[PDB]
Amino acid sequence: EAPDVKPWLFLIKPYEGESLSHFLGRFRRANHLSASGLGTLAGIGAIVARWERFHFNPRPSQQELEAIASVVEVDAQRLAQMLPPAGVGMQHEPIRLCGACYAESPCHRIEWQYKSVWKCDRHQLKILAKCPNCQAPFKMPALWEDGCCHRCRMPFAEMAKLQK
Amino acid sequence: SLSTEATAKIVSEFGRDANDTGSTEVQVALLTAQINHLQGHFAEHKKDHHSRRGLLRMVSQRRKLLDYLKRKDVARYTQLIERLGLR
Amino acid sequence: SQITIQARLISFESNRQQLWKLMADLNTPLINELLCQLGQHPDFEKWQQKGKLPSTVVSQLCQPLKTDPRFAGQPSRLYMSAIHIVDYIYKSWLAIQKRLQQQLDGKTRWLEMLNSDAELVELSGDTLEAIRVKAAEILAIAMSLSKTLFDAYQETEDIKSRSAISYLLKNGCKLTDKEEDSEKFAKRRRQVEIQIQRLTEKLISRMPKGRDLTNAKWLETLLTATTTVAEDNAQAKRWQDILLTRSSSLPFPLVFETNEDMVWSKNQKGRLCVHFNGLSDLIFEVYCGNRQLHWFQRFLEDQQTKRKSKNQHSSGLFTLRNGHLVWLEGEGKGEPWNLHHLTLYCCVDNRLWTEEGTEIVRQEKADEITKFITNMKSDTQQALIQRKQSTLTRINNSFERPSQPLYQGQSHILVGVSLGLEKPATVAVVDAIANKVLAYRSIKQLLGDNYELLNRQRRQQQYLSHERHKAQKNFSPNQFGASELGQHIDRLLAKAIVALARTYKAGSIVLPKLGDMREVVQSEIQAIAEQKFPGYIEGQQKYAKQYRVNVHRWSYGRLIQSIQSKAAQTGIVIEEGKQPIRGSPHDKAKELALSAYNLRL
RNA sequence: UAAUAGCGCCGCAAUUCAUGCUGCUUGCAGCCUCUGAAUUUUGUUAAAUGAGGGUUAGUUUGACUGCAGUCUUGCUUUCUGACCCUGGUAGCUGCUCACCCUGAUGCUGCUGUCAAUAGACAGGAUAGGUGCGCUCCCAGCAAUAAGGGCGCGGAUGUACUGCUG
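Chains as they are written, first to last, in this note's numbering: chain A, 7 to 170; chain B, 1372 to 1458; chain C, 6 to 606.
Please keep in mind that the hints were generated in silico from the structure rather than gathered at the bench. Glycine is no exception: its CB is placed at the ideal position from the N, C-alpha and C atoms. Among the hints, erroneous ones may be present.
The following label-pair restraints were derived from C-beta to C-beta distances [stated by the list, open to error]:
1) C/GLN467 / B/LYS1441: 17 to 25 Å
2) A/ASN63 / C/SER481: 28 to 36 Å
3) A/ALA86 / C/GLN467: 17 to 25 Å
4) A/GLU22 / B/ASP1444: 45 to 53 Å
5) A/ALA86 / C/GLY425: 27 to 35 Å
6) C/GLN68 / B/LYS1441: 46 to 54 Å
7) B/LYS1441 / C/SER252: 29 to 37 Å
Some but not every residue of chain C turned toward chain B, in silico, with C-beta under 7 Å [stated by the list, open to error]:
8) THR229
9) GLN240
10) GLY540
With a cut-off of at most 25 Å between alpha-carbon atoms, the simulated PhoX-like pairs for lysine-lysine come out as follows [as the list claims (entries may be wrong)]:
11) B/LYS1435 / A/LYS170
12) B/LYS1417 / A/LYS136
13) A/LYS121 / C/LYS475
14) C/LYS242 / B/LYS1417
15) C/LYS478 / B/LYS1417
16) C/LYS242 / C/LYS55
17) C/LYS338 / B/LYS1417
18) A/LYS121 / B/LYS1417
19) B/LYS1441 / A/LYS136
20) C/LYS55 / B/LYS1417
21) A/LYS145 / A/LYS125
22) A/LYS170 / B/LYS1418
23) B/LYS1418 / C/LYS175
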């Protein structure tokens, strides 16, 4: 039997602005889970495999974010900060990257998917929508395991040099 | 769809250089040429429900290319709208 | 009791073209008078609350449109046809909306009331037995039981002891010892939540749309969308939803609600003819098969009999009741009045055919008119009464008509009809005082020589559904289905069931209270599918497609109507009862008829 | 060559009774010669169902009067028969395709002759697989379900059937 221990997971701390797709992706590498495995563990079923693709057509409800909060140990109000604010239209087709800031914080920021964002203000640089050398489109942010282009294997931190 | 000569004629007039095969001004000029020829047929053969699918795609593509060009460069957008007689 | 018969009308172009021009011009105030209530009218939400249109409002919107430069060219009877149709469009639509509002409330009460056994213990602060004892007291007080229990829950909250009334209601107005599975309860409570959601999605219905023949909105939208740039995705889709819309090719029919507003005659050639009030220049010739001619001769004989008798007989007993004049769609090319086909549909009360049946309608109207006059007891009201008193005296003067003794059945012999998915009908004839089944029929007997047609219907539905899919992917216009075959099979069964009822001298035919089976199944399969594909909504919809589709194709309302019509033409009473959930198709039919007999008192 | 399986129908072989068949006890006994329900089985020049697309104001199902005599109309549909075709050039128009892998409610599948090019000519609803059919299965193709791989120019502030025709 257990040596008097409370039930646990490899919890992770969220970064200052990462997207819910990227955060769930990290959580299911810190713990070795499949997307449907994490959805099953949370009790919300196949829902998680939409959110990793930014398929928020029906948006994440309060009850679904609370279910994930019970697994990932982040409250529903901090999970909501990893999604667009009410009426801020995002686009989920082109995944986009600053890359200059990815050296300061290795994450996909939610703000790069807003229809209103075209340049990163911390660095005053145009946002990328494909690998600057091989023109490949980026994988969904849950899959950013290596932090580099999947085709030509160029680090995202080096794409700082090739933009604007 | 357009004849070979008609495409070559349209890309040579909206292309900014001999290199433009498909800048946003060339792509909107080819969709505009198609839409005009398609409105002259689809208003006559009102029963042709396979051509309404073609028109509604082709108009919706033009609008996306125009909205992109509007934000990218308003001067290029204004000149393109004039040259195509759009409002 | 009513039936509709039909004939094509033939007349030289000038007459078929002049009538088309009046109907293409009349079709337009049929649209403007819907818009004058669709958006213009300020009281509209008061009508949606009451469920009924005020009896004069459409006439008060039409009266000033009679002088409109666009609408002024039409006879007084074509405006009454417009007022009729628009009255019936809203008088239907408001009555659809009111029953949906009533169902949404009538289940919103139940979703609050439906509690698990553990929730009743928490909400009462007491034992589930204390709840069983109070439920036994409530039945003792009560002894319309279900209605009384809902009243006793609305009123009489009684320190939350009405929780025991909810315990009766969820148990079907009975005591239960068993304590329920929370998974079965979760499925049950979820079905109610799904029905509430779907009723709101339905209650938010579209307003009535008129038949715009002009294409003007479509042509304006085409030249807009091709020459201009939308400012929004919503505007670009608003133009798409217009451009995809198929426009109507036929005007609304004329409705002539007064039987005398059709005048009949015999042509020199011996053919029958007709003309309409306000169109008395345009003679039309009747063309119909001899299988229906006897009514069109009767129309002219009813008219001649009144005219030969100085109006001392009333059209209150004319065999014709009302006519609907409609253009049926033709094929190929030509002007609309040369391409389409004038068809006159006559409503006929079939029991006016015979003298013994005419006497029923004489007594029915004489009682209704006597009551109306005594309920009235105004200016023009004085003339309305004189018209009613004059109908009440004239209706006693008989037309010379065919004689046939009325059918009479045994008050103890009933035909039970059981409907289902696999067996569309199955029949048990019961002598209810003997408790003896006189006969049973399964489908192979109940339409005999025609039993190949059920297998044909299932082949044709399956074959044609696949061809329609293949055709849609290619944009072919060829789109066909088994609907007329299903209509024929439902009529073969309706004749055979009533022939069997006559054979055994049955006093009545018994039909099940099936109700809204389609919506019930749709919520049951969804509450279940949500447990097997959680979060994967596309998998939930795919769960039992063939079962849900077969229930949406199940023609039970059309078979129930087909039997009603043929039974009432024969004179056999229709009765109803609860259809058993378990037993064979025969046992269902047996217990259904016996239940309807037990409900006599 | 292949199509073994699965699913839906069609009868055929049985078994069990009745809504049936002999009696009078008007409710029992008795069996399956019929007419019917239920289960199981089967694919034997058994039997029965059997969707390539089209064609007639077609015939019969009708009304009235004592089963005989009068009158009769050509409407809207479902089958069974029979016959015909398996198309022609003159414009307009949608979709699809750089090139590959997976192969979809994807397309194609008859007889004979000439070519053995991908197509003509002459027959034809027997027309890939079984008693008969399918979204199933076999064979060929697969750009015109979808996903993934990925070459060279334009564009590259999110647009990109936008190029390779």
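Ascending list of hint numbers which this structure does not respect: Going through the list in order, the structure violates hints 1, 3, 4, 5, 8, 9, 10, 12, 13, 16, 18, 20, 22, 23 and respects the others.
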